[PDB]
Structure formats: structure tokens, C-alpha cells
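Quick heads-up: it's one chain on its own, the form deposited in one PDB entry, in C-alpha cells.
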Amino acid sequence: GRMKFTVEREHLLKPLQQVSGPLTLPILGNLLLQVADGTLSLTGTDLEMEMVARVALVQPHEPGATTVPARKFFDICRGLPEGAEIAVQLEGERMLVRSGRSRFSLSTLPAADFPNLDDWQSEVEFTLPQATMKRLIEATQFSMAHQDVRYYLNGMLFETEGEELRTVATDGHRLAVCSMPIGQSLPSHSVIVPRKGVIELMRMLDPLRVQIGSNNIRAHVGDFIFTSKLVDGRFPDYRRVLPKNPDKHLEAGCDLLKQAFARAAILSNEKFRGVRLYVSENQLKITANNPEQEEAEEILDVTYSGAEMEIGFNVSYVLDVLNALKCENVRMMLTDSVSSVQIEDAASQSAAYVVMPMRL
């Protein structure tokens, strides 16, 4: 006897949709299906990360394993009618799927050729609410580099320190850092999670147990386990990037400031996206112009009592920060026109953003 199971469509759909994500080589487009001890396990991989789902089998079944094309199998199950029962068995080099008077014969590859992580070794473990992991990632994801030759910047730093978990991302022009308490005393550890691993982790956050290994990270969410390889390299130390004594503090409403930058941006250079800030007593003026010599000017009431200053920014990087802040009022901390600015929620220091200016 070979692998055989019968399952309700709605017990299979969401597990199948999730494992079909991290999928190149032919067997890497397949899911590994394994039936053992009343459980169907489904695994997808791209050789660097892996997603496993477990599904309880409440109908009779026979143990075994195969691999089957992942998107086809998912699309077949999704396309069957609501409430359908799905029967699966192996027939030679094919997997036969039956439901009602529908039949599908899919090509298989042997389970024995499916990749597996063989040297897993855990080094730190903790649990935290899914919403906390999601805040940490959403607070910083947009500042990761994209296809930088400095490979370690294309991912996200995850760091444990004290009772806090921290994420850091930077692309050399801007940096984001966010720290959240998790109520457990943690060893100090820092690892770099690749971009595609961050994306997959987010797909799962719909509590979370995390294990950080020597060369991999693992997340347990309900009946799913996600594993990703870590990135080698020395990630930069955000503590050395934060401005040292940004004495000049400007506070403004986040909505009004964002809306003003967004309007000014319309008439900025399409390639370089530069806008000019002029800070004066309780006032901010934003100006933009382009090669057509069009000009935008916005004047806002703000809270500011420092020296007058003019400073240039890539407006896209500024808007990225304001959109990631979920706050009523924003604090910009300035030093001079050629030094980075620190931006934060006026009422919370959980996250900080550092943006380098452009020369005027």
C-alpha cells in the first residue's frame, strides 16, 4: 500500500495556499506530501527557506510520501466546489486526485529527492504576539536595500538585547530601527534575515514562537513552521548611525506634513526627487522645482525655536518614513544641512528613522 488520504477541501485550502508560496529546479516546484500518524504534512521549499504545514486527518488514510506540482495541486483544490471532499492516492508515477466526478492525474517526483535541512541547531528561543512581530517588520521593511552588492543590506537585522527584540534595515541613504519589549530575558544575538525570508514571515502573521539557529531562523505559527537561512556579513551598527546630538527639534502634525511633502513632490525632479526645507521660528517652508522650472511652495505652522536652516532631501525617502509612522505628531531632529536627520513619533521612541540629506 502507498500514501492515501481523504480530506475536506476547506481543511486543505489555507495550508496549501501558504506552503505554495516559497517555491527553478523541477522538484522545487513541487510540494512534499507526507502521511504519518494521523497527520498530513505539506512542505514547500526554494532550497534556502522552507514552509511546512500539518493537517489533521480525521478520515482513514495510509502512510507514505510523494512530491507533486504545487501550484497545480493548489489550483485544483481551490477550483473544486465549496464543501468538496478530496481523495488522493498514488498510481505509478502519478498522483490521482478525485472529488465528485472530477479526476486529476499529476506527475510526481520521489520524496527521497526532496531537500531537507540536516544541520539545524537552535541557539535562542522566545515567544511574542504576531502583532508585535508584524509591527517590528512593518516599521523597518521599506528601508532594506534592493539588490545591493553589499548582500547583507538586502535583508533585515533581527537582534535580541535585554528584554527587547529589535529590527534594523538600511540601504545606505536611510535607516530604520524598531525595538519592542517581549517580557522575557534574552541573550544578546544578532542575525540577518534575507529579504525573501522577511516577506514569507509576514505571510504567516495572519502567538509566534521563534528559534534563532546558528545559520537559520525558524518561526512556529499555529500548524505552520517556517525556516530560513540567515545571511552572512557584518550588518552596520545603528548606534553609530544615529545623529549624536541633534539639537534642533521640529515638531509637526504628521498628516499635514505628509500631505505638504506629497504635493511639493509633484514638481520635484523626477530622477533626483529633491525638495528644500527652510526651517524658521515655528514655521517650515517646503519648495520643489524641476528642469521645466516649475515650482511648488508649501508653508506650514510647526513647533521650532532653533536657528534658521535650509536642508535638502529626497522627498520619496521622507514620505516613506512619514507613511511608516502611525502617529499624530512627528519630531524631526536636525544638526546641520550636510548631516542626517532623525525622525520619530513625537509620543513614542519605539522606532527611529535616519535620512541623509542631499546637497543643495
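Positions refer to the first chain, counted from 1. Each form is matched to the other, and the largest set of C-alpha atoms that superpose within 1.5 Å is called the rigid core. Compared with the form deposited in another entry:
- After superposing the rigid core, the C-alpha of residue 249 moves by 2 Å or more between the two forms.
- When two forms of a protein are overlaid on their rigid core, residues whose CA moves 2 Å or more are considered shifted, and residue 34 is not one of them between the two forms.
- Shown in the overlay between the two forms, fitted on the rigid core, is a CA shift at residue 313 smaller than 2 Å.
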Second form
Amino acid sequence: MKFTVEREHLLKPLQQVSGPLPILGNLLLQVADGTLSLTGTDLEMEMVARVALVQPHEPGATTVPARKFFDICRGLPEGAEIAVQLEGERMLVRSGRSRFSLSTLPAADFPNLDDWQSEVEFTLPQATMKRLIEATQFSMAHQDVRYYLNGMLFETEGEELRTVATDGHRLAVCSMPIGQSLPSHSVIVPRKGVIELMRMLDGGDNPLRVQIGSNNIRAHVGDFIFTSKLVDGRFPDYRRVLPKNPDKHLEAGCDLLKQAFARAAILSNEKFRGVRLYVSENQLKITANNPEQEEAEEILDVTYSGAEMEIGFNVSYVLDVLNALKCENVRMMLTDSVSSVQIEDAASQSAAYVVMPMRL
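What about the form deposited in another entry, after the form deposited in one PDB entry?
Excluded here are partners and other molecules; the one chain stands alone.
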């Protein structure tokens, strides 16, 4: 196995196949039919990056320490030529008067995911999948014993793809039309897989092809192919959590709302983070207090014409939402003091967020 390649034709592929038993700490390298393939895996998911070889090359395959190899390539100067050749049990890397000899492990020992058949497929712009994931990712659970929440639901229905995330306390949903007729279907992508998928998306003109099997998901964009197992479990139904008829709409500028809440949060309970809202004609008042009896109060002009009411909620969750929206204006959809709140960009129903009420 031998190849010579420009440094910058390796770095993005290396970035993608690297991670965030010891062979899982290596990258599989393969030279075949004019192409260098690099694969990383943690047994649950895998990334394959292909790079065209325009310079003389010789076929073969090995595995090499991922972090050391990446760091060597990155440490070489911009534009450097990197010549690689297998020499016994070692991989030799040379560029200029810099030389390196890395340990290998056999390509035969690099683990594969089981083979599987694709049952649902669709293509969509990368920007669209990026918006879907970014809209909801922050509401996924981390390491909950309810293992099926440590991930994101992907739901196809009609011509729409939808993502849902919840940690069992708060919920995020995003839906976007993708212009293809789809079966009604849903799967749970593990949280790490979501993150890896997200980082594969450069926001470019390459279309994204998604293929979903009964136990796996695959995403293809240009020179990259990502494959992950699905979480084998039942996701909760997002539909029963959405408020039925939130008939009291408050609208206000996102930043003003966010800044008022961030100030109020400073004097809220450090563990439970409850803040109270008092809504009246075109006016919102936010209060917070803590066990030390310190108190915050914010009054803002907003748009509102419903009946007066008050509601409490977790200010950390509400701030998470307002930071995810990054938009001009926000809509808070209210029912009463004992019902959840749904929050949206005032100018788009594509993403919605639900936060539980708190009795304070």
C-alpha cells in the first residue's frame, strides 16, 4: 500500500472519520481503484471518507492510530505532500524532511457493521437536515436509563421529514417538506449518531441521501458515507404532549424576551429554576425568587390581548428554546396556569417547543 496526497485533501476526511479495544482507535486505510478510503468506527456507527488519488499509488490496506496520524498530518505545513507506505508492521509517513513510523493493526481485524437492506430512502438538501437536527438536538436526553430518549426520532409522513427530541421534561419538534412522497415511518437515531451526522453536513451543494433499514440508518453526501445502528425501542408520542388549543398568543422580540429571562434567572432557584409570568394586555411581567428570598422582576411591552393569567416554568428550558430559535420574534402559546406552553418563531410553524408548567 502506497499513496502520496496533499495535506488538505486528507484533513477534512480525517476530521470526519475521527472520534469525538485499541483497533477502534485506529483508522482503516484502503487504496483501491484509484481511491483512498478512510474508515473510523466505534462499533455502533461508522464513517467512510473517500479521496481520489491523482498521483501514483499502489493498492493495499492497513489500520493506523487515528489521533497520531491526524495530528501528524495537521502538524505538517500548509500544502505539504504526504507520502505513505506500508513497511512490514509499520506505516511510514514522509513529507519534506519530516519522517514518521507508526504502528499498525491488520485491516483484516477492522470490524464491520452487519450487512442490512434499505427499506426507505429519500434525498434532501443538506441545509434542510441541518435545520431539522439543530432545531431539536438540545432537547435530547443524555444517558437516561430510558435509553430510547438518548437520541432523536426521525419521522417520515406524506412529503415531510420530522425530528423530535425530548428528555422527558421538555420537547422539541421540527418538520420540513422535502418534495418526495414517503411512507409513514419512524426511527430513533442514537444521540452520538445525530452529532456525527450533523458534523458531516458542510452546508454545501452536495445533496444528502438518506437510507433507513429496520435497524440502521445511512447518510451519503459527496465523498462521505455515515452508517449507524438505530436505538431499538419505542419513542413517546409527541402528539399527546402538544397543547390541544393554546388560545392565548403572546408575541415579543426574541432578544428582549431572552435578555429579560436571563436577568430574571439570576435570582431563581439554582436547582429548579422556576420563574413566573403574569400576562396582561400588551404586557408581560416576569418574576423570580430563590431560597435566600432575593427577587427579580422584569416588565416588557409585548403583543397580547387574551385574558389575564399567570404561569410558571423552568427558565433554563425556556432560555434553551429562545437560543435555539435565533429569530426576530417569538410566539408563546398559552392555555392556563396548569397547562404547558408551546413556543415558536412568530414567523414559522416549522419548529415547536413545549415546556411544562410549574406551580411556584
